[PDB]
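Novice: What follows is each chain in one-letter form.
There are 8 protein chains.
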Amino acid sequence: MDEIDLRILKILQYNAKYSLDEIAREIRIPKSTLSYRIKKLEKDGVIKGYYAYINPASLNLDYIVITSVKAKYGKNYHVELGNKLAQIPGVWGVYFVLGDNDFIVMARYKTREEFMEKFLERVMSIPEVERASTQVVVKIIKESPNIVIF
Amino acid sequence: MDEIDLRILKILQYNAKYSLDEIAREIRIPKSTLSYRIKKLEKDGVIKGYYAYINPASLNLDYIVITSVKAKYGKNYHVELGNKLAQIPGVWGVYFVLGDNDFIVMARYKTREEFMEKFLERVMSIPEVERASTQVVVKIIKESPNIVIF
Amino acid sequence: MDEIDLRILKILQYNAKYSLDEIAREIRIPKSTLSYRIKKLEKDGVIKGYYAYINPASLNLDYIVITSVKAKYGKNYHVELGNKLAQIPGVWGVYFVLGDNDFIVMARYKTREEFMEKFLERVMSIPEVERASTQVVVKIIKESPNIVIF
Amino acid sequence: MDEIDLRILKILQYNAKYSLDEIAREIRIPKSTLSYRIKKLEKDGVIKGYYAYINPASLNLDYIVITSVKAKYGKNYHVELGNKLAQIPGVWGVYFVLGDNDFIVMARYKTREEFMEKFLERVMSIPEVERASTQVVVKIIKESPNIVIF
Amino acid sequence: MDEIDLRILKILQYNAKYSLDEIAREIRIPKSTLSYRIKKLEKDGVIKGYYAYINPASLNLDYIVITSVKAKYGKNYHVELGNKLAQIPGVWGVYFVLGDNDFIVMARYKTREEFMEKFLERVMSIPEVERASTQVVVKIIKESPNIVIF
Amino acid sequence: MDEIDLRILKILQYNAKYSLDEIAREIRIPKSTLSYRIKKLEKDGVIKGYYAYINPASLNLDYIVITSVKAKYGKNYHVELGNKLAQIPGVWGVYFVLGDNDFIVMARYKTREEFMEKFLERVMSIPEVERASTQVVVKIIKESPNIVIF
Amino acid sequence: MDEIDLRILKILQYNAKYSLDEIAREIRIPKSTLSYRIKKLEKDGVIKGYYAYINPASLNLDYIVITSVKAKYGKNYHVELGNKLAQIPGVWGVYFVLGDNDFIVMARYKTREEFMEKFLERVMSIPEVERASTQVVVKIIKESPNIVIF
Amino acid sequence: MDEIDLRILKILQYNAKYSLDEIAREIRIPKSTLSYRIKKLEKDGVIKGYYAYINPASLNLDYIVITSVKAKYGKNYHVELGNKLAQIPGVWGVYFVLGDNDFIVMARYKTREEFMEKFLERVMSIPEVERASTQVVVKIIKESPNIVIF
Ligand SMILES: NC(=O)CC[C@H](N)C(=O)O
Ligand SMILES: NC(=O)CC[C@H](N)C(=O)O
Ligand SMILES: NC(=O)CC[C@H](N)C(=O)O
Ligand SMILES: NC(=O)CC[C@H](N)C(=O)O
Ligand SMILES: NC(=O)CC[C@H](N)C(=O)O
Ligand SMILES: NC(=O)CC[C@H](N)C(=O)O
Ligand SMILES: NC(=O)CC[C@H](N)C(=O)O
Ligand SMILES: NC(=O)CC[C@H](N)C(=O)O
Ligand SMILES: [Mg+2]
Ligand SMILES: [Mg+2]
Ligand SMILES: [Mg+2]
Ligand SMILES: [Mg+2]
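Residue numbers (the authors' numbering), protein chains in the order written: chain A, 1 to 150; chain P, 1 to 150; chain V, 1 to 150; chain H, 1 to 150; chain C, 1 to 150; chain W, 1 to 150; chain S, 1 to 150; chain U, 1 to 150.
With a straight-line cut-off of 30 Å between C-alpha atoms, the simulated DSS-like cross-links for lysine-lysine are:
1. H:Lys48 with V:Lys10
2. P:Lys84 with H:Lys70
3. C:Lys72 with A:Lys84
4. C:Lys17 with W:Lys39
5. V:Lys10 with H:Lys142
6. C:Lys48 with W:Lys17
7. U:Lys84 with H:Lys72
8. H:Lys139 with V:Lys40
9. V:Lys118 with C:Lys70
10. W:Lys110 with C:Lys43
11. C:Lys139 with W:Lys40
12. S:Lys72 with A:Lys75
13. U:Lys70 with S:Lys142
14. H:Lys70 with W:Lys70
15. V:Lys110 with W:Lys142
16. U:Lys142 with A:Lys75
17. A:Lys118 with V:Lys84
18. S:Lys75 with C:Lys75
19. S:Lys31 with U:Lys39
20. C:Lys139 with W:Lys75
21. V:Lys84 with A:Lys72
22. U:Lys48 with S:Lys31
Calculated from the structure, these hints are not laboratory results.
Chain A on its own, in the form it takes in the complex:
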């Protein structure tokens, strides 16, 4: 990757429906070169794909939660817990972090009941779980994971 690729990415991260002609004009380079570079980037796996950004509200995803999960130590309990957490419907993010040396789980649901039946009940039944603490998100000030280049 070079300076050029960055500018391309800085644009595609925001809007992938920006016609080549428009991008070519902005960064001032041959449309055929651009097309080539974009292919290169995908080939190499820099650009892993293109997604539609859907508004969660539009799907009535009102119950937003961030849960910290502490795992029981020993055997392979840790790694196993992470994967079990990542497959729960509604969970889009699972991170293993230092500090509380545990998992941080991001999930979304339409209501409390859905949350309870799909997430909580499942979680409370997992043996490797020592403890879980759920923080209800009451306001999303910002959520732009797509923005990787500032």
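We have chain A already, so just place chains P, V, H, C, W, S and U with the ligands on it with the hints.
Specialist: Chains P, V, H, C, W, S and U with the ligands only, in chain A's frame:
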């Protein structure tokens, strides 16, 4: 929105570069109808946009952090702190949550130094900040915010 | 339910011994209509019943406690713990909450000894209990659960 | 108060619409005596009143919260904070407790937004508040404050 | 007990070697009456005994500790843990408290090593112990348990 | 101090009303020598005094508390807070400890109200107090501060 | 050891490559005496050895961590855990401390991955480990363990 | 640096008094080459110096402490606090860490009093200090900071 729109969205959330002809075939509907519905969805704001999914590693974003920030109570300190946190370069997520009744901030950087100079030093200088606790992410088990329909 | 029912409820929540004639006069409607609506409300279960508000002091309920209980994860331990907690004499409130993802138990007793023998000893013997933390209430600034309409 | 008064209270705490004739029959005493005793109890303030028990769901009170509030020490900050908390619409319970030596606040709202605008924003603006931690109630296993005699 | 007994106790709590003649003079009562009352108090168990107040430093008791111990719930673990803690040489105080709903243990030793071998190693070997947290006392601002009447 | 003095102290710590003749017989030494040594010990300050051990219950000291107090840092706030805490009526013990690097305060009162008016209200008014956490003692398994030699 | 030995040590702790002639001149004593004393010190074990102070950065030791480890109580679990922690490659410091009554482990690694594979995975597999909390060091303000005499 | 330099360092980190002839023999290289490389390493700053390893006990450094210090946010308070902490006599280590986002301070003293007068009193007087928590080290299982190559 109806059952049909969902199926369309369930596909566009994963891959927006799926030609209409291919989608039309999968959900079995006229390509012109599909195109219409997709336009409708954008018009109404269900689909807010299309992004390129860029691999963070490809940009050497190695220092991943999740920080909890407690704000000083009173005046308008809270709301103000959230916005100041959302404009720090590298920060893609800011949530106000219950429980610790504070902010959860998601950010990414290439290194510790970058993290320190761009995020920490800035944060430690904000007056409204009572306390901040940063959790270093050592492993991303899953990060698919794009998946809103399971 | 309509605007009218609300006004009726806003009155019955405070004082259920308010003669129909008096209520009819306040909200200005036929006493027979009122009587009908009140019946409707009970029928439908909006009004689940009428109680006598007894002063706890009058019964020497001096030892007031609020206990947080953490449950051991797995099996059905959680749901089971809640019900065991709800049947302890003296306990009038059991809530399963997020954050500490545990139970909050409200209870009243005449003395420390009663508290110990009826609540604590029972609680400490429950297997599913991981930990319990009791907060002694030294002052009730307000306790009006009956007020549902402000 | 004597053994008799207790039996009367043990009944009125559950259902105050139980005709004198029915109560008189249960406890086996003259209806005129009963009526006298009940008056005595009210006179003396044992029975402070009769309320209608309204189902919160019936009023769409879905967002149930239990908040711990720590106050800034000094002056009269403490006592003042308690009263300010007790007058927030939606708050039915305020207790000053030992342990975390702070306040426990019980409140109910129809939604998150209502909760935010009526409770949180108000609370975050109170100067005497050092910190507040809100626990969202996801399940009410039991709530019978009316039951004072077991 | 009456007003007189109090004055007697308020003196004996400070200095038990105060001749009857001196006390009799201070509270102005017959020495024979005093002697009688003091006997009464012992008889009834108000005065459980007379001790020599020994300076801990004089015995090189330099390592002063206050330890909080959390017990594993269930069976009779709790009560059993308390008694095991009360028999450890060096431990003069064991309290079961609310809040952290655990034990607070007061002990004294001449050195760190003594502390380790007599207290810690013993404690760490007790099964019923979930966790222990020792707070080293660096300064005794006041220690007058003998003063019960202010 | 020598081996002999210890044996003397090991006895006087338990019961100071043990006639010289009895002690002389137990440790097998001349009564005049004993009397001399005891004087020496007092002279040198090993034995600081003799107290009457009064049963707290006998004085209706039912509300027993152990409070942790965190002080605001800076100036001389710390040392000042300790002394203010040591002069509150009912407080018999004040320790400055490491770990939570704060104060541990032991106090006794007859009731909750007394506790509130004499201890809490006073404490909450002290400026240097950052935070206080009171643990109610529900059971004294052991309290023998007089025993310094095991 | 005497005043002289101290001055010698105060120099050797900083720079052991300081020729005898130079030291002899600084402390003003016969070079043969100095040489003798230094030998004495080693003989007696005051000086346990001489090391080369290597800059960690020079070895790309970028991932610096400080981990608190809580051990499961009972048997000999504690002592055993300490030794297992002290033999993990990268760990240069293991301390058993009071307060959290646990272990504090100091370690260094070149990267996150190394840290994970050599330290974390090993630690998470140890049975006696109740919980571990890793604090990432982002800045070393000072690290001069060699300085024992100020 | 190359493979050779490592072997040299792996030896000098343990014992710097190992004659060149001995090292030359172990790693099998010309003594003149070795001498050259060692000079290179110092020149480049890989080897920053040679120290005498002094046994702390030999200096009666019995009171070993590890203190966590939280700083007040804002201005330049943080950076300033670190430097003030690094200049306190007895302090050999100051680290700024994530998690509790604070300072970890390592210090040694001969006694509690020294600790109090030199470290604590100084620390409690620093304004930028929000809170400090000292953990007394009761056992050093391992302390070999000199070992950088395993
Ligand atoms: N720069 C452009 O947009 C087009 C350049 C050139 N004609 C090409 O398409 O290869
Ligand atoms: N279903 C299709 O793919 C095409 C249908 C129809 N010929 C249209 O394009 O409107
Ligand atoms: N409004 C009243 O109080 C009475 C109205 C009418 N006479 C009725 O009883 O039905
Ligand atoms: N016991 C009753 O119900 C009635 C008793 C008696 N006739 C009265 O009313 O005074
Ligand atoms: N008051 C005294 O000291 C002595 C009173 C009286 N002579 C008695 O001893 O009984
Ligand atoms: N040993 C005793 O009790 C008395 C010894 C000796 N006659 C004395 O009193 O000095
Ligand atoms: N003081 C010195 O440096 C040397 C003293 C004396 N000539 C010796 O070497 O023993
Ligand atoms: N290898 C050695 O120890 C010595 C090698 C060679 N004679 C030199 O000193 O340069
Ligand atoms: Mg995207
Ligand atoms: Mg009611
Ligand atoms: Mg005494
Ligand atoms: Mg060294």
